[PDB]
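Below you will find one chain, with nothing else, as structure tokens; this is the form deposited without the named molecule, and questions on how it binds or moves follow later.
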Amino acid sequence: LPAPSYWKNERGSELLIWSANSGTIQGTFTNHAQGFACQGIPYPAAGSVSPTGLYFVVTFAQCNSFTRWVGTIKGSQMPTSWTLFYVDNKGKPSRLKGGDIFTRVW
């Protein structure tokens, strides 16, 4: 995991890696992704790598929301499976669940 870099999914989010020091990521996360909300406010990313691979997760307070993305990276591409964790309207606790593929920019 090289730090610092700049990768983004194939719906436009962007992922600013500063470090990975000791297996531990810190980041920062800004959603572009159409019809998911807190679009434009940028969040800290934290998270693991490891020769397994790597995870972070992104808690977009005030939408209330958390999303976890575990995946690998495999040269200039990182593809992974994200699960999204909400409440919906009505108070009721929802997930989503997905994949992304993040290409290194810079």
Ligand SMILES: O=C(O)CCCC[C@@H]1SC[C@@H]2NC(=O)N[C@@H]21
Given for the second form:
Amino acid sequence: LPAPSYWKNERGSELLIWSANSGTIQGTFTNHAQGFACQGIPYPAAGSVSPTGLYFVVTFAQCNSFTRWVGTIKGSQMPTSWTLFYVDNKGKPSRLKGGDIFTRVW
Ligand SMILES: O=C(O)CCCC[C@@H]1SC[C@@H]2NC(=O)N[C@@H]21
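Now show me the form deposited with the named molecule bound, since the one above was the form deposited without the named molecule.
Shown next: the complete complex, the earlier chain at its head.
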């Protein structure tokens, strides 16, 4: 994983990877995905990269939710799957799942 580097996914969301020291990813994510909240709010991202793949987590404090992405990097493409864990308006933990493909911008 190149660091620093900057990636955007097909939904328009932005992932800035600032460092990957000792394999620990440190960066910032901002959602721009239609159908989701916390649009435009940069949140810290944290995870791990190894020779075999990567994952990262972003906590969306204002939305009472967090998402974990898991995937790999093939050059300038980073295909992933994610799970969004949220505490709903009645306090019930729930989840949603989907995919994302991030493409390197710089
Ligand atoms: O709606 C929320 O609870 C917070 C924002 C969640 C955005 C998710 S993270 C997985 C998917 N990929 C995106 O680029 N945005 C959504």
